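Here you get one chain, nothing else, as structure tokens; it is the form solved without ligand NNH.
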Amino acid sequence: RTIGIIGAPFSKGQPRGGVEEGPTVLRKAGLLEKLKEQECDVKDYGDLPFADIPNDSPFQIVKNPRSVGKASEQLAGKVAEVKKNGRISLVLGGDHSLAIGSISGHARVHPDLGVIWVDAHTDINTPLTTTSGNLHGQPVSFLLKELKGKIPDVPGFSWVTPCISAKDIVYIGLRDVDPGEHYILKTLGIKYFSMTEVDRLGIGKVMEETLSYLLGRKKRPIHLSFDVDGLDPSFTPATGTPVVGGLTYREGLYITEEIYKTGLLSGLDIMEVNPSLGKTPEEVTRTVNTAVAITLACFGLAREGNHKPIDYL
């Protein structure tokens, strides 16, 4: 498992601004140093310098469309080059809008990618169904093919090309879904495991089916888009859209340890960590701490232990 770290300090996908410090604070926790403490080749591509777009009025309801649209365009080319250097792209960003650029760039080199989206939300609103206008809640809407012809021409997204069908993706962790989003869900037949299915089936079976549904037919590259608000806020409090009744720390770790085990992880997003939203210095370290553990799990660290191919006795 060879990683390719990409800093994406972007926040215009939503209101609150501290999420652009994510790349920074995660790096201080020692992520790159801990990844190396393992069995991976870590190559830091730094923090993408996101240019400022002054003139960016809302498109109807959409907010900062040219800023978000250009930030993904920028990140898409980055994830593409990294995948071209044969590396698991790691997008440490701000808000989830960037997911558009990640899934896009990742797919350019791997059209047969599968997407597991751990989130408390489906983030599948269209520019025409969103009531918030916040784009970090619409990324999935720009990526799905069935939804082609439903997504209007929004300034800053003409470079977009829906790279995934409604079947190449599974949601895990849902607990705050809008009416229109739920309609798309059922209507497009998108496979998902909300907190209800997790409660009923157990995180064990949940992951069995998820990986079975994406890798059943054949094996394919996998993209994990992890929104920290997927886990219960008692675990990741410093995030913009917390919702109670979330995935436990343990469950969070189980999902990724299982993903790692497929040996099919290709792309990973760790999003929505916003330090300035912590009510205490501890809630910050706690949110960051859990973000880093989730990541290490993605690249090898196992709870039962780890050991090199040598004789320890």
Contents of the next structure:
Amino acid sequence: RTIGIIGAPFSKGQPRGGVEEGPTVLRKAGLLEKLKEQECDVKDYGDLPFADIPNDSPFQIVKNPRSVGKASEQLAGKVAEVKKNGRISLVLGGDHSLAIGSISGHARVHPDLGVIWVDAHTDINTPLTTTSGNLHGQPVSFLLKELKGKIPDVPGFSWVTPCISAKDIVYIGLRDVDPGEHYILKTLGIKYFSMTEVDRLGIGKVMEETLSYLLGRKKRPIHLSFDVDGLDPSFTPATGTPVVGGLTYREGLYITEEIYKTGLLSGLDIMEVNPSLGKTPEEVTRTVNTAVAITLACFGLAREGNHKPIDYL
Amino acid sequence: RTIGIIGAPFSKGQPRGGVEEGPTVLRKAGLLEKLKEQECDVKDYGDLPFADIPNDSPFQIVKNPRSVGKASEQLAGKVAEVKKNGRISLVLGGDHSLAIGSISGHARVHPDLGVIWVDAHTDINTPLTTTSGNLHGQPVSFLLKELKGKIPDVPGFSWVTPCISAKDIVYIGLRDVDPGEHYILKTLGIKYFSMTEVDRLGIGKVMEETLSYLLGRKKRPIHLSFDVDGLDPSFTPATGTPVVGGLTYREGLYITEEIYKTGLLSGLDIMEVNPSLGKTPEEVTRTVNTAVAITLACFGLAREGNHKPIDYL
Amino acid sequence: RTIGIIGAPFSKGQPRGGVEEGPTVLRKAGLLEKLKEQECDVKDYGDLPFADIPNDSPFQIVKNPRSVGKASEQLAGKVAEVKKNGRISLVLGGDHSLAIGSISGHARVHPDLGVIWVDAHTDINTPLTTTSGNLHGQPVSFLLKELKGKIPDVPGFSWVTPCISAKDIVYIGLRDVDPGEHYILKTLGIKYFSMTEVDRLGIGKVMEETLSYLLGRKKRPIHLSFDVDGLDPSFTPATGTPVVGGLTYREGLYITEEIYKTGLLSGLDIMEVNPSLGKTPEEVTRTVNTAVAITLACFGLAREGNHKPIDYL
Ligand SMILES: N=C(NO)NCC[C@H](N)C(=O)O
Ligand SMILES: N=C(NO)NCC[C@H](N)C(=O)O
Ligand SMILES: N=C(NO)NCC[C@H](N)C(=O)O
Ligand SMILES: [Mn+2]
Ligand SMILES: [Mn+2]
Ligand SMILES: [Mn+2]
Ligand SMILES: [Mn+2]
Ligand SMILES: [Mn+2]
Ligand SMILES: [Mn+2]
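Okay, that was the form solved without ligand NNH. Show me the form deposited with ligand NNH bound next.
Full complex below, order starting with the chain above.
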């Protein structure tokens, strides 16, 4: 459909700084051009200027709470605008803590949205269950209504308001979940397909079940938050926390081709691309190239081929 | 069954020259010996001496039309002979434009043949839809009856006569199809399993459907045209146009083991192996070794093991 | 459950010596610590001191028969003890010939055990069918009751007594089976899932069928003999006889996660890890790291996550 690109050069949700270059390398790879090369109407809303917050000491164990909270607050506003302009928001990250603002802004315009979270992690730790203190591993806890009451008043997030229920989200690709996160998973009855379920059923059945689970009762807007470390590091090595045994390039493209075909993609996040972590220049291009491929699939690029509504013969 | 090896050291169907060494490196890898090590009766018809055609300017955008057309005409003759000798033709390429002659010669003796095309590409561009002008991306358009009338009179192909119908061919492995090619696919109702279908159904279901689609009504001779770039470049890197997200080594062996089990393999093509494109000596041996493995599976080599009709205990 | 670690630094079942360092590198990787980090009660029975047998000339073609036979005899005793102590035996190899002693000792305490053999090889050659003479490719022939009578009196194995029937074992991962071995497979009706069956059905169906085949009639103790070369060499390169087209990291973890869930794991073997064969230091850590991952899955480590029986919120 119509696209609204939003750059989110933010890294304070985790320790490694290079992730704020994600928007830069993705654009430099010709993402806007490639999208236009397709039947896509693209409007670049530019990179959000995330002001520096010098005074931002930890809230207990949680690091850079004000910087993270403000960045998501700013992003939520931009996403809500692009959604109001009738465009599918495409947020280029940036660490995953930004999901808080992206999904929040998306839900302001489309409260009935459903979320598909592709990631090796659940990122559902609360400020009290986290052991790392990195906010990119907590975005989901801030968004779930069932958890409001388990989230302390962390500086920078007073603007947040839980917008989704445990049943409005599906996880795909999980392979490194913390104990508390697993407890929340089972306690709230969240639907997930860890790498174990992908191995058992095959990605085809996984997507069939995912889309049926989220669109069964009725059709609703879909928000896809894609963490590049959800895919195996043999495809996306330049990322902060890679975990072996990931989703293949093919599975990544399958997930997105299927989501595109629903015609319900409403919001998209391409997160955790960190060029500074590429062991080689090739590891960087390999990661960025895969990230672009996944993005293009979300907007119609199909492996069986594509053609214009004309008679080619 | 009984085998008839035919070397086709030809490269003019595309730009990179090293592909004409395919027969050489495949034989040097001990292909004939390995085949004989099995219950295989092998006769080497040698490498076809493709005469040089100095005067061969492009037909519009199409390059080396006379060289390509003549090479396929010569090959068609050799294949028809080996088929008449009651042997399964094994053509070692060489670029894929040779498929025109291999399938044409095969159909002269067995007009009811069915084709399984393993490739990342459909190679069904016509001389008028192609944008590259490389004939290795057009062989199928010359063979389909439904397209006769959309193929101009290109110098070197006046001998061609469409021998198969849209319904006599199945594609497996597609992941880089041109717009016009996709239009032809949908327009003629051609059966295909792109990498998307392989991901969705699994290679087992894909082969079950492929063989049922082609052998359902009745048993008929099978022609397998195997383009090595159909497999992922992590297995066959030394090829002209590699595309990531390909068929795995295992899937390649599965396809061929299943085709062998039909007992209907009649013609085989092992194409696009280009040693000159191996970034390293290991990339070359890796490509050639995989090509040999695929070939041996076509003739009985099974992963579960093989044994003679004797009492080993 | 409760674990009993047994080190088996033995290599004489094959030619390459570095495999006797397996216990060392696996322990150095923190296996005991990692296991304890889980709900696991671990007791290290140390490394069995395999005395040197200077006089050990070949029995016909069979090499180091006395050294191999004695090593398995010693291991059988240790395994029987750990089993009597109510612990799941975890044997760190060492070449696979040790399976003779591990399964023999296990069956002394649990005669109704069932065996799942993960390997690229069947290791079911008899002293008379083998062409290599390496005993690590014959362990299964010594254990099968149906073959007692086809096994000559080899020096060092007079203590052996066939403890399992052809129907008490299932193979997974086969891709390099000798002719005689295949003859035995078909002759005795042994249940196997070669890489061809894994491709056809998917690992989920494979495990479903495997566990149903072995636990259908009734629940019984399970012995898992895991040869690391069962997995693709892209995951476990430091091994004596690697064969491409192997089980993936994910499939390896799936097999073991499923076996763990049965709650019937009784005996485990982690064999063929040879650090000396790692082309690089990274190939060594890659092999050892994968071996540890497989082991941890056998004892509860799940990809969807794990959590204590407490309220994390
Ligand atoms: N990159 C990620 N998630 O996507 N890291 C999260 C890791 C860990 N679970 C935490 O809370 O710190
Ligand atoms: N190697 C191949 N096909 O197998 N190249 C074909 C590419 C392109 N579709 C063309 O017509 O030029
Ligand atoms: N590493 C192994 N098996 O696990 N080698 C066995 C090879 C061969 N089948 C033999 O009997 O020598
Ligand atoms: Mn992640
Ligand atoms: Mn994440
Ligand atoms: Mn191709
Ligand atoms: Mn081709
Ligand atoms: Mn083995
Ligand atoms: Mn073995």
